[PDB]
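Model the full assembly from the supplied sequences, consistent with the hints where possible.
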Amino acid sequence: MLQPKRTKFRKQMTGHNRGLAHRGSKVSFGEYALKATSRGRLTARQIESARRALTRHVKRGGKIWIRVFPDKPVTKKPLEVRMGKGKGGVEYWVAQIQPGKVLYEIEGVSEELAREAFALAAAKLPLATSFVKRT
Amino acid sequence: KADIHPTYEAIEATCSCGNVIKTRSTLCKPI
Amino acid sequence: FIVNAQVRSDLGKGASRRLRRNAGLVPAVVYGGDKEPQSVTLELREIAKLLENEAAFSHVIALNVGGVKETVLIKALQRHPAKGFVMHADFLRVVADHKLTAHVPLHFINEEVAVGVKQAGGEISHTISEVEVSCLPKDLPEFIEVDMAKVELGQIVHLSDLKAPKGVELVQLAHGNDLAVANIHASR
Amino acid sequence: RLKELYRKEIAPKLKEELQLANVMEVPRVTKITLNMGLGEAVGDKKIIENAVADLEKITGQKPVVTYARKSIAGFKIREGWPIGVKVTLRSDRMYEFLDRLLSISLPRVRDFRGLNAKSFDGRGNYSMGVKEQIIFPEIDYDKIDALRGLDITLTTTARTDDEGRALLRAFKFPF
Amino acid sequence: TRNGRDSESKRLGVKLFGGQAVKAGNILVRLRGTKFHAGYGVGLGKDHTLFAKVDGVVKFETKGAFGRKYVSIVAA
Amino acid sequence: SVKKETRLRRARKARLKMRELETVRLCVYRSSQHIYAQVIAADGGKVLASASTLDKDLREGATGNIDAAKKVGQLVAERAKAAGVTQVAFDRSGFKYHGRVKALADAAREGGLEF
RNA sequence: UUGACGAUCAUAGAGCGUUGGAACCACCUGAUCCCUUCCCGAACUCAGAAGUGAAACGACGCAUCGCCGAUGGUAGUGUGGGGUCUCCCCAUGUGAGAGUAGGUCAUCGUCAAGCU
RNA sequence: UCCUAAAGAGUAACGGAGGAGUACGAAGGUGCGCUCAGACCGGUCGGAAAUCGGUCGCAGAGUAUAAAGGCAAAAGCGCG
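As you go down the protein sequences, you meet chains M, 1, V, F, W and O in turn. Heads up: the first sequence runs through residues 1 to 135, numbered per the entry's author numbering. Heads up: the second sequence runs through residues 2 to 32, numbered per the entry's author numbering. Heads up: the third sequence runs through residues 4 to 191, numbered per the entry's author numbering. Heads up: the fourth sequence runs through residues 3 to 177, numbered per the entry's author numbering. Heads up: the fifth sequence runs through residues 10 to 85, numbered per the entry's author numbering. Heads up: the sixth sequence runs through residues 2 to 116, numbered per the entry's author numbering.
Accuracy of the hints is not assured; some may be wrong.
Pairs of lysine-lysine residues, derived as DSSO-like cross-links and limited to a Cα-Cα distance of at most 27 Å, are as follows [claimed, not checked]:
1. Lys10 (chain F) <-> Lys30 (chain 1)
2. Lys68 (chain W) <-> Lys18 (chain O)
3. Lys33 (chain F) <-> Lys30 (chain 1)
4. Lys44 (chain W) <-> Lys18 (chain O)
5. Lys2 (chain 1) <-> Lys33 (chain F)
6. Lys4 (chain O) <-> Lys88 (chain F)
7. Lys33 (chain F) <-> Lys59 (chain F)
8. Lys62 (chain W) <-> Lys18 (chain O)
Honestly, the hints are just simulated from the structure, not real lab data.
Take a look at the structure:
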């Protein structure tokens, strides 16, 4: 899926997920967008479930942009292992969302076609998203 | 310096020294 | 296009948040060429009508500060990112002679029937909008009409092609660049 | 010889020709660093002493044999090996060398070898290589060995490459 | 594969701040290679350790081209 | 130019070490016509004594020889003693201490002014 | 009209354009003689102007790049208390960064030297 | 040596990343000189790239040895 080609390091801290989103909250390319109103983190297989939902409800044209990109590796110790022997291996990759961030953009369609298309992509994402327009 | 070794006694030799060694004291172009 | 204001002699973080929940107001400033910057309260119920309007961004608005009247153009909107609503306004006095700078909407007026669309299986992809302006404040550009009905499947449109009327310059040609505007391409 | 041919004849000749305003814009010829040798089979280093005594004898000065900075172009030198020659010729004995070329070096080439495939660079300099024999001011043509060739890189005091063309056009570069 | 092995934390810093009084051997800055340059009356020892030579008050002033940090001691 | 900034690049070492030591500096400046000399106080911005060829009572038309510069270092050794100056340093200012520079600085040691 | 040495380090920079000689300065002539080149009077040095302001250097103009940069708002945060408590909110003290209006073709000091 | 380490020092984990158990009689002292990589165009058999010439550079090179902090009085390079 979406992940970097080569990385300067292999593992990374956890950190926190604070603040709002002041850059990333403005629609730039499309004319409609699905911005996110609750904080969370998306695990890069949800993105391909939500992408392949929008691309078959259009069928005709339109252009799709994917604004967010996962770059944060997240580990997971295997089962039946006591704690404290190192750090587990990287299983998947995560992007970090915070309220206001725009997830998908669309243009070249009707608004009422697109409004019922982001309904399909929102049922695959674990966040409370909304519908916004270009100003 | 003095390390440069001279042929300039013969670089300052005869210029129009016939067409017998230089093969031309009449033209510069070979044709 | 008309608004009316008040003075706002209370500055901070604490006094600025109590405006938004208690009274429903919105802070603002008026800063211009001739005078000092002056702060101002407006309502969130009024600016909502102006921001809903189409060409109101590139247009002159008369402001009633007290009974004080001034022709005011708007160049900023700080906006709440999470919920989405207007936060402080930051607009500008208009002098009769100092050049000006604002942003102008585009329309792409005639693209129903394009030769790239009707002859070849066509698409029209608007890359840019909100192109700037550098005018004289006396005569305003509300918008700019662009016509992509004409020539081709497979041509892009630059900034040099579309024309700014009555002697108005474009800042992007004042710098050494020329941005592409719209494309016509084949669908997937 | 050609120095005072230059000073009296050519130096006023070019001034109105390029419609120059004073003396000091009229271009000069500065130096001949010229070249010599690329590094053919100098892993063993003993061919340099032949190539030194070649250009030592036909110029009058001494080679300053060049080492390598960081080499990749065909080979791994382990840089710091003798690879070059680089003999620079200057004013009082640069006009004296220039009269060997194109006056009595034209019969030692056969097949016109002037400006016949070259052009300049953008700043007004001329560079040219040879492989055939040139005129020798002392008789040195049967030195029997592997003849390594060399270049005649020239630097002017011009501004553009057109003024390099009229520079010593009186010295009749073949075109 | 396994990685502990840190070092033991040399205690670098800056002693003797903006308005102190000094002597003749005070040290004023350990250093790690010229965060601060030798100003008017200071020493710059072997491993770029600054030190005083005369008595007075530390300054910590920025001067000159390159904008380098000059620790000088002012007889005040 | 090409020449001028390189001798400025050569002069900034010794001129900056004479600053740190707080020494009365004797500076010099050579030209292709004639030769200057100045004594600058211990701040770099105050000139105490200064002797030149271009004074209106020394211009012989033949300045800029080695024999011309011997008289320049002669007259500067005595205006500093009239200013009460000894214990000086000699900044050669990027000039190689060989010819007209060195011959002037021998005239200073003869004059009683001592380095 | 200049020349040296500083003060201050871009609001002092870069780019473009214009302009200055016989006082200064620079290029310039020749290296015989000092002296120099891992080769070369290029650089270094010496005896020296003619010749020239072309180049270089200084001055004078342009905000085109650069560089400084408000006010207002916003982020964060010390103490006290809250709440739906992996995050925020209230009282109170504090308050950027980014961006906007706009600015900038520097300002001085010491001598010799040009009304001076 | 860096990070965890909370803008003074210090500070743990079978917490994340790397290195040493030496070299040098000049690779030390001192005086005198001198600037990088790269880009590009011209140039004999190299040739994407050797040497040479040139413009543009504005440390993107270098530093005996890991990384961090530095370096135009260059702490980088050459000669007596």
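Results for each hint:
At most 27 Å may separate the alpha-carbon atoms for a hinted pair to count; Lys10 (chain F) and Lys30 (chain 1) meet this at roughly 24 Å. Between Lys68 (chain W) and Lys18 (chain O), the direct Cα distance comes to roughly 21 Å. Compliance with the 27 Å bound is thereby established for this hinted pair. Of the supplied pair hints, the one linking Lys33 (chain F) and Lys30 (chain 1) holds, its CA atoms being roughly 25 Å apart against a limit of 27 Å. Of the pairs offered as hints, the one joining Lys44 (chain W) and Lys18 (chain O) holds, with about 21 Å between alpha carbons and a cut-off of 27 Å not exceeded.
Using a Cα cut-off of 27 Å, the hinted pair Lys2 (chain 1) and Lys33 (chain F) holds, with the two alpha carbons roughly 19 Å apart. Distance check on the hinted pair: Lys4 (chain O) and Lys88 (chain F) sit about 25 Å apart at the alpha-carbon level, within 27 Å; holds. Of the supplied pair hints, the one linking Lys33 (chain F) and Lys59 (chain F) holds, its CA atoms being roughly 19 Å apart against a limit of 27 Å. In summary, the hint linking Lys62 (chain W) to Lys18 (chain O) is supported, as the alpha carbons are separated by about 17 Å, within the 27 Å threshold.
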